Amino acid sequence: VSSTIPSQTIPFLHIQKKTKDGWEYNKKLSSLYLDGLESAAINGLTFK
Amino acid sequence: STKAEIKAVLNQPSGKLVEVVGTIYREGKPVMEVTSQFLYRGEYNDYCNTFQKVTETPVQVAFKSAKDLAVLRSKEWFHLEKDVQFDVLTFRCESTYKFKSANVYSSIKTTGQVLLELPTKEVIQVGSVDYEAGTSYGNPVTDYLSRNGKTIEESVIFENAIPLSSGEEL
Amino acid sequence: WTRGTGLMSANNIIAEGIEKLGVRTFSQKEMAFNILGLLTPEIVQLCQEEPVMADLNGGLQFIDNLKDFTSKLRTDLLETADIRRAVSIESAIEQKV
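These protein sequence lines are chains A, B and C, in that order.
Residue 631 in the entry's author numbering sits at position 2 of the first sequence; the count goes up by one each step and never skips.
Residue 1398 in the entry's author numbering sits at position 40 of the second sequence; the count goes up by one each step and never skips.
Residue 909 in the entry's author numbering sits at position 39 of the third sequence; the count goes up by one each step and never skips.
Misleading hints may appear alongside valid ones.
[Claimed, not checked] Sample of chain C residues with no beta-carbon within 12 Å of chain A, all distances over it, derived:
| # | residue |
| --- | --- |
| 1 | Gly-892 |
| 2 | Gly-907 |
| 3 | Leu-908 |
| 4 | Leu-916 |
| 5 | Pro-921 |
| 6 | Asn-927 |
| 7 | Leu-930 |
| 8 | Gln-931 |
| 9 | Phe-932 |
| 10 | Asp-934 |
| 11 | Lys-937 |
| 12 | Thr-945 |
| 13 | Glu-949 |
| 14 | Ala-956 |
| 15 | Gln-965 |
[Claimed, not checked] Sample of chain C residues facing chain A (criterion: CB under 7 Å; computed from the structure):
| # | residue |
| --- | --- |
| 16 | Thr-910 |
| 17 | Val-914 |
| 18 | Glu-919 |
| 19 | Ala-924 |
| 20 | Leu-926 |
| 21 | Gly-929 |
[As the list claims (entries may be wrong)] Quick list of in silico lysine to any residue cross-link-like pairs, SDA-like style, CA-CA up to 20 Å:
| # | chain 1 | residue 1 | chain 2 | residue 2 |
| --- | --- | --- | --- | --- |
| 22 | B | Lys-1422 | B | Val-1442 |
| 23 | A | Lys-649 | C | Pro-921 |
| 24 | B | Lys-1433 | C | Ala-880 |
| 25 | C | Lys-942 | C | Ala-880 |
| 26 | B | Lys-1425 | C | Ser-961 |
| 27 | A | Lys-657 | C | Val-922 |
Simulated from the structure, these hints should not be mistaken for lab results.
Note that beta-carbon positions come from the ideal geometry of N, C-alpha and C, so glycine has one too.
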């Protein structure tokens, strides 16, 4: 997904990071979430 | 002068109900309506020679919404002959029945007229409607106008009765 | 915006409307998937270092006056559906007459 997220476009499901102005969309952190979501879709989630 | 015109010839279980509403003219301008009913007591089955051309009253429907336009459009008999928003009717209509049996009508003919309020209480001319049918148990137009509400009724009945000139001096 | 059975079955009828702005609504399985994606080993390790806001809202934050937008969408749907039901009811009455 890192190569899939369009430029200047905020994905629907995004992890926010807190800076001085407040919580804002952070691209690398949201991409880390979305790649885990790929791993959960193609392979799944481990919960043991 | 005089002017007679047959309106209805009904076949009820009491017999033919001749309906004559011959009006009266004093040089052109109508003066009196004068409706009379005669009844050929007996039992008659001739239904081809049976009809009832009733004229309707200024019947007012009851509505308050914008669905009113949609309902009026849905009526295939109504034809658009005005350019003002719809919320209520006061049609002065008139129809023509043809009986093929005791209650069922061989055909229906309705032409009527259309009514609704105009700008600043300054009303001018209006348009009309049209309808035909066949082998029907009722008239859609009149029943619709009535079902939404009663006509222009300048008659609301008083609550309780008291005497006026009751006694033996009447 | 989550679409489920229960007491929110009355707000599902506008979900299609909002979704055609470029926002997306979620079913209950989709929000299960999204929140279970917060339990991945990387997000879990990322929570031991930093508290994590996960905006799983599907873009509903970009709609100005969401309350009024949803209210007028619902009003439009209701005022279409009721008049459609009523025209049909009146036509059925006419046909029975």
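**OP:** Output the numbers, in ascending order, of every earlier hint that fails for this structure.
**Re:** 1, 2, 3, 4, 5, 6, 7, 8, 9, 17, 18, 24
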